[PDB]
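Below you will find one chain, with nothing else, as structure tokens; this is the form solved without 3,5,7,3',4'-pentahydroxyflavone (QUE), and questions on how it binds or moves follow later.
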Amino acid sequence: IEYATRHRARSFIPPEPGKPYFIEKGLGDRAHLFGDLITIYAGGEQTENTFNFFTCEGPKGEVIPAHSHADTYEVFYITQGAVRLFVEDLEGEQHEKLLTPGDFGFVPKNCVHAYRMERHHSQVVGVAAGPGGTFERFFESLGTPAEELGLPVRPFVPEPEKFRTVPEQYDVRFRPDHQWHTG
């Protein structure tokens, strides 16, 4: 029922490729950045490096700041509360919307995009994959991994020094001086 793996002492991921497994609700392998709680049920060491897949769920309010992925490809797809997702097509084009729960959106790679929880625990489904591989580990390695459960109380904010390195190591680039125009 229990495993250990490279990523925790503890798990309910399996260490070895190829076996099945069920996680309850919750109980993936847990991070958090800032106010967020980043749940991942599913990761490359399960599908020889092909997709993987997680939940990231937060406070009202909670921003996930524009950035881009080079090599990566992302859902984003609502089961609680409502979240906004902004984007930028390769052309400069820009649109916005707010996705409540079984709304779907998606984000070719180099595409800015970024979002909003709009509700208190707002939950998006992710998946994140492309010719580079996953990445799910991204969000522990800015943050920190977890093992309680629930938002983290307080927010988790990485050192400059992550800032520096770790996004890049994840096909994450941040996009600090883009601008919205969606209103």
Second form
Number of protein chains: 2
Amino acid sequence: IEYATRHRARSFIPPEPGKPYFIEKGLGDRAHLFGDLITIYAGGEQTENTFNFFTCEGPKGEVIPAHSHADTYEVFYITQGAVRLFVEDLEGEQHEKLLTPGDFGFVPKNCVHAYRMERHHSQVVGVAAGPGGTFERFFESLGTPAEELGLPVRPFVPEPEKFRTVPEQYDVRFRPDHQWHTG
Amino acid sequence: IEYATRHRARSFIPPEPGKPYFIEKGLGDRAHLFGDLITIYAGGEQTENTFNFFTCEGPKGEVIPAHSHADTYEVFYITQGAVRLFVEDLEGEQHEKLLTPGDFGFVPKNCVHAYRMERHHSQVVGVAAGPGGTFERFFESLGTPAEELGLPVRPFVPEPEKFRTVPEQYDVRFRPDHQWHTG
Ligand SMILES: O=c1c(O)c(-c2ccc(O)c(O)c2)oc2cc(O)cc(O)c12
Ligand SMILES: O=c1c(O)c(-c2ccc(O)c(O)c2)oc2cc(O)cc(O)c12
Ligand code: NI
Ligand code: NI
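What does the same protein look like in the form solved in complex with 3,5,7,3',4'-pentahydroxyflavone (QUE), given that the last one was the form solved without 3,5,7,3',4'-pentahydroxyflavone (QUE)?
What follows is the whole complex; the chain from before opens it.
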């Protein structure tokens, strides 16, 4: 049931748009980025570039790098574990909430955010899209695509140069110095 | 905190875009259609009409009426129970798969589809959008908005005049003529 695409020599996402398809649990296109596994079930080529659908799952760990997107809206829908989401609104106040499976978090464009996984193997459902396309392939770009199944045994830490060549390709703006005012 | 919006007197989706928000499990805008509960956590007003985010849960039931979307792509991502997805491709080849939690189904536009829920209280995470915009307010339109939590105690059966008016507003082609071979 395997295809070959511009993204993977082995994929369960067909290369031709307008094709119905199913993908079993965990078999979307995969990518590592630090301790986490990102799995892509649908990309821009599936939806005339209107949206995507992916999951992000990883071990108990520290708050990911603060960042924003300018033309992209994000969804955080927890399916496993517990994840803490940090958002900063346009005015400037910062809110956090431990999101348990079934809970939902929305981060609008130009809003600074970050998430922390507070249970082992937590999992988040994600959508990331907007006016100027979908940004699913960001993860395998900054990080690495992976043929392995499961969590990375060891974090994939990108060499620092990736943090420049990529942000000007994937609508993402890191804020290496950021604060979080709530604990 | 509850807001008033153009869709609900009481809602956890803010009325104004650019505002980040959290919603607790089950507390999105709710709708009933047949025996199914649809819960909206994000609509077009949140993402500049690019995408939405909703869940669909219901009792073990019959196959929903077969239908198609001219300009809308559908995600089926199963979170509870098990859901059998029926799709017909553009070339007339029908396809059937039982989707268990973590499995993913994709229905591209113009593809005739229908789902059957095969465990009590199965749950599907959906996204329905395309070039034309987002689809979410369809369910409360064909069916009804709902203030209660939990599954409809008894199914909401829309008037046949709703079956005529709604497609003129939402992007749904009902197919009472369609036969599913696969089985
Ligand atoms: O930029 C990032 C981003 O957008 C997401 C993300 C994850 C899950 C979602 O559901 C979502 O909408 C977004 O994760 C990240 C994880 C990192 O380690 C580093 C990042 O830069 C991002
Ligand atoms: O047209 C319909 C539709 O699209 C969906 C749906 C459900 C879950 C999803 O995840 C999704 O993307 C779509 O349900 C329906 C249920 C009905 O009783 C009648 C319908 O006409 C639809
Ligand atoms: Ni982000
Ligand atoms: Ni449909």
